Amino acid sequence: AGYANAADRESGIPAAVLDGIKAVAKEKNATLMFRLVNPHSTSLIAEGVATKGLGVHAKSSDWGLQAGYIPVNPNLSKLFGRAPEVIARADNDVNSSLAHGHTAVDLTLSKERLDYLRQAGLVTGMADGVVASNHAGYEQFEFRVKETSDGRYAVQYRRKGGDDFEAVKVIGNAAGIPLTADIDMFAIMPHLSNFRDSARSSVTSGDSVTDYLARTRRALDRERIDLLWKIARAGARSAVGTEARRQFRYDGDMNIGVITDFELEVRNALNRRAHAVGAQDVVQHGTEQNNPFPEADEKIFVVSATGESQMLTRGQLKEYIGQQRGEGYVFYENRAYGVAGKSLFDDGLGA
């Protein structure tokens, strides 16, 4: 279908990736919630540009031809007219990332992003390559582009009145692909029945309770009531990932953060769909519910297990969770919401 409404188009998720999103949500029967994707990345993710992980703490850029990528030169980044300390703490960050498998690559644009840049006014014009702009950065920096035989355009730059142009450098894959912001998941609310099997293998040997007592007993049930509480416990416990959330998971050598078995099963199903269209991985880490520095991003994109999609204010967000909790979808919140007074639950919340 592509995009079916305003929320879809406001999410900033590229049309073909959202289709898989909708599909994974129904296939796995779970509400999937996301933080808005900056619109300047939408196009890069759509044509296969790479997505960053928790490793990269380098600041991205929101202006000039480098908009959307993560500049090695911290001044070409959004932290532009910032100062010594900032620009400086900024250096380690960039440097921090290249220590671990990240390479620094020459920035080159597709003819398409080129179109997009000038269409969005991030680039107010160009000689046939001496591009212009009204961002504060152009009074301190000079830019120009160079076609190549590939179809792309090399981006070069220099400092006002200083002398020679050098390509702009941007962080990327170990595999050399440059990186752009990743799709952040706000939270994942699976339907309790996704944990049947899971409870069964923890307690039965993967069998129904009736089949297990038949298989190990012999012709008030106290033993039976016991087993049932045991599957209820086990089920709640995987649904909410109690154990999994005690450690860090990894994907190859990249740290994915704290994530439940289900949350990542979801990550892989999405990254799959993503590959089926032309993109790279787009969900590089767990949910905001286990982020230790929680964002107060204030509009969350929601995609129901039914496939319907919508935008919610933090207020309509509690109503939603509660509605959905009533239908059997499970939710757990960021452990730091309570002590801060921003809990999404209206209950005891105590002992």
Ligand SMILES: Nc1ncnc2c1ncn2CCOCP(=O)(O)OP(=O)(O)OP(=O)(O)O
Contents of the next structure:
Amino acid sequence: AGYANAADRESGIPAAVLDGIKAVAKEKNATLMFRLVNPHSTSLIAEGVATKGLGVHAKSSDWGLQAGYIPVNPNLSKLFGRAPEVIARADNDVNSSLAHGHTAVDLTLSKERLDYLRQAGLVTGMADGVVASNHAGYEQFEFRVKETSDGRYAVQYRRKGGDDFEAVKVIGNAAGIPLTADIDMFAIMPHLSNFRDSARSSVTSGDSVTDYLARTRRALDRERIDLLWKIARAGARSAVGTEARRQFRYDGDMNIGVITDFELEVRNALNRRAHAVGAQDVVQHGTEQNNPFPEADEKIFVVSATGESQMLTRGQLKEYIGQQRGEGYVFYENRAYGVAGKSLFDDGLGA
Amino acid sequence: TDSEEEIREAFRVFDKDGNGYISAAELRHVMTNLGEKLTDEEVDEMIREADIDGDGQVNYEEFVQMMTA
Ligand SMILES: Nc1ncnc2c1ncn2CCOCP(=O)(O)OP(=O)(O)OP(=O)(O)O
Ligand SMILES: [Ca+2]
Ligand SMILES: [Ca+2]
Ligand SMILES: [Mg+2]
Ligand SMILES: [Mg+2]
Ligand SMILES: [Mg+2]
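I've shown you the form deposited without the named molecule. Could you give me the structure of the form solved in complex with the named molecule?
Full complex below, order starting with the chain above.
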């Protein structure tokens, strides 16, 4: 259907991609929560631009024809008139990314994006291709673009009354596909039934308790109750991915962050739908519940296991989680939330 | 030998409702979800088995105990 309400539209997630998200959330019976996607990224993501992993710390740009991309020249990124000591901190970030698979690439936009930019007010007309803008970033840099018999426009620029122009360089895939922001998941609340097989392969053998006992034992049952608690322990332990969160996971040569087995499934299932719709990988790492640098945005986009979407304040988020847990959906919180007095749990919270 | 923060996350899976205790009803739900259909009597047996202090429910310390093996 695409977007079914305001939430979906304010999420910043391209509609086709979002369609897959809602379908996955239902297929794997799991509530999926995401942090907002910057609207300048929404269109790049849909025409198939690549999404960035944790191996990229350079900062995006929010202005000019380069908005949505990650500039090699930090003065072209959101960090425009900062300190010289920040263009440096920023200079290095970029450099740590090109030494590692990430490439330098000549920015070229598609027609459609050129439209989006102009209709967004980011780029105020141009000569017949010599852009204008009211961003202070235009009181120091000069921009222009030159189409190609390829339909795409090559972005170029120069320093104020300081002479030749040159293509703006943007960080791309190892494959040189430019990168825009990725879709950060806030958390994944898997329904507990998703861990039956997981508990059985750990305790019995794959077998139900009844089948396992008939098989290995012989014609109040202390044994049977113990084995029942054993799958209960193993079930929650898998659900919360206790063991998996002790290490980092890698996707090929890309550090995926800390992620449970089930969360990895979700990620793969999501990126699969993204590919089927023209996109490339959109979820590049684990959940915010495992982020050491916990960020505190205050609005969260939520897609329930039933397909229903909405936005939530931290407060509506506590009750939501509480309501959801009542229905058997498991949730664990970023370990540093408590010590800062921001836990979403209202329990003893301790031992 | 999980850590204390590790065992509390797991504990929360069982403790569906607000309070820091596992009741028979919450345990029946976990068991059904994990592939085991049990009677009120079987559920009572599992809670009794873990209920050290005898209050009808499994608290955090009691959980910490047997989740050994
Ligand atoms: N599971 C995780 N493990 C490790 N780091 C994580 C994890 N989840 C998130 N992070 C780190 C940063 O979050 C994502 P990322 O998509 O980089 O953010 P960003 O919002 O673009 O940062 P910026 O505005 O500082 O550029
Ligand atoms: Ca409880
Ligand atoms: Ca007790
Ligand atoms: Mg980040
Ligand atoms: Mg990310
Ligand atoms: Mg991501």
